[PDB]
Amino acid sequence: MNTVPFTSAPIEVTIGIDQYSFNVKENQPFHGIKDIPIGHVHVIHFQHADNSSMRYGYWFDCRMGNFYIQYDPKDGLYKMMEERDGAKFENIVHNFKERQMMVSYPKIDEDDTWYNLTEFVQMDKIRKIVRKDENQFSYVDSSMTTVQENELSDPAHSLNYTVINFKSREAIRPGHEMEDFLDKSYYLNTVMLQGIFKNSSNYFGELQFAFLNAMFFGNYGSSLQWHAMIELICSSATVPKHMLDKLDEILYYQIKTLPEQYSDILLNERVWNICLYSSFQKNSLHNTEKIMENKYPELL
Amino acid sequence: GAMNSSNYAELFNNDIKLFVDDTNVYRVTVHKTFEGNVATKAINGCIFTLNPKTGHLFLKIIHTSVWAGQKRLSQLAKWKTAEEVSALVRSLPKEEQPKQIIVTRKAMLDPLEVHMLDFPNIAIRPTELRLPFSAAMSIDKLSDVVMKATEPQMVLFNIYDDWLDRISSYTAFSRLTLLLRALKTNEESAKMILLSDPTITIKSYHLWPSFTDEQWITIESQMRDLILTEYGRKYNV
Ligand SMILES: COC(=O)CN(C)C(=O)c1ccsc1
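Residue numbers (our numbering), protein chains in the order written: chain A, 59 to 358; chain B, 6 to 242.
Any given hint could turn out to be false.
[What the hints assert, rightly or not] Example chain A residues on the side facing chain B (calculated, C-beta under 10 angstroms, incomplete):
hint : residue
1    : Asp238
2    : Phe239
3    : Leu240
None of these hints come from the bench; they were simulated from the model. Don't be surprised by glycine CBs; every beta carbon is placed ideally from N, CA and C.
Use the sequences and the hints to build the structure in full.
See below:
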């Protein structure tokens, strides 16, 4: 079990760690989060009590270094930093642990939620979507735009998701206009899977990371990407069976985790009604259809 | 965006544009089978592609063989229309290619956009105008060439005859749409109005009769009366 220690908490803030969150008061004796499960990426996120503008946070993997959080009063935010001195970091963590100044990552034994939401998410792929090569962790916030959003404006602060555009030369073979537009199998299997992602696991990793950024930061361009990646599969008549079954699992846990009160801003009616009721795969997503119909029957 | 009454004069500016109407591409008669079921039989169709400034009409005849063995023909017809329009654009010299294509039916937007991806600078637009181009097959010479076709064929016409020698494009388009609206509303009465006078004929190289300016005023009034008469008959007014 790994830890993200905090130098201090000088401003009142709601802190998220994966799907959990808790409130820290101004100048409260808070020194970090312990018992973080090894083996998954994690995200530690922030929403200031005095300025709910800009949710922001950091994707990290404790296997890649020793990370801690310190408030920067000039830039006005909690920053993630790497400590290269391992002995110093162990000493700092042990002192905080002895004084019981840390929250415990509150995972229930039976509970596979986080694994289910991050099954295909890899830190090396996050670092190619979020380009800041000098750090081993990745900053994301509510307002970062995607490469695709910036084509339709600071390139260094963009989310470099794979551009999907159903009315693009990439998606439509000359001479196969009707075929490729009504059945996106070419675009899914040859262009995206064989060509760009190399395999379905990388495709699902990006899909899962897009959902998590939409949910934890309210990042609109991430939500667009998540829905585009769903629609590309659902609108393909030819999809490997293992991919359909895995997509059903992926979406089920995403819909299960979404806050009921955020559904109006995180779910696109057109995409979901099309995917569940009109598309080629309308009958292939049994678990997702069942949870959607029971939890969000209004959207449908 | 969409083309409406507010931007109507744009039709007659010097930016090349084409209207595309697909309402006569896929044409059928519905009939009973020997077993008492219902079936369709396709007849020859056409794409109506019109430059409203010049009157040039690119009439692509859709022969029934293009439907043989195909499914979902009403959907296919839109994509076939888009394929043929794209092929026409590519066939034209660069300086003759349209800057805009206005589709009369919004279901043509996506098929045409997809077929025209190689032409990102040609705007594909819908229109809020109700244009009567479905009645093109009420023009005898157009219907004749469509029904006689034995293979796919493109036939070129000037739908304004020689009117632009005497009137503007705006007035010519207004006359065309009035005539077409009349033929759509009551084809028999409209044709009677156009042909009742034996002394006025249609030149071999024209679609419409050779009316003088004053005769066109009379004809246009008679067409407006026909449209109003039919409106009263329809709504009991
Ligand atoms: C959580 O890990 C940390 O290193 C936080 N931090 C820098 C301290 O607590 C510190 C170090 C030197 S004097 C105070």
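(request) Taking the numbered hints from earlier one at a time, note which ones the structure violates and give those numbers from smallest to largest. (result) Result: no hint breaks.
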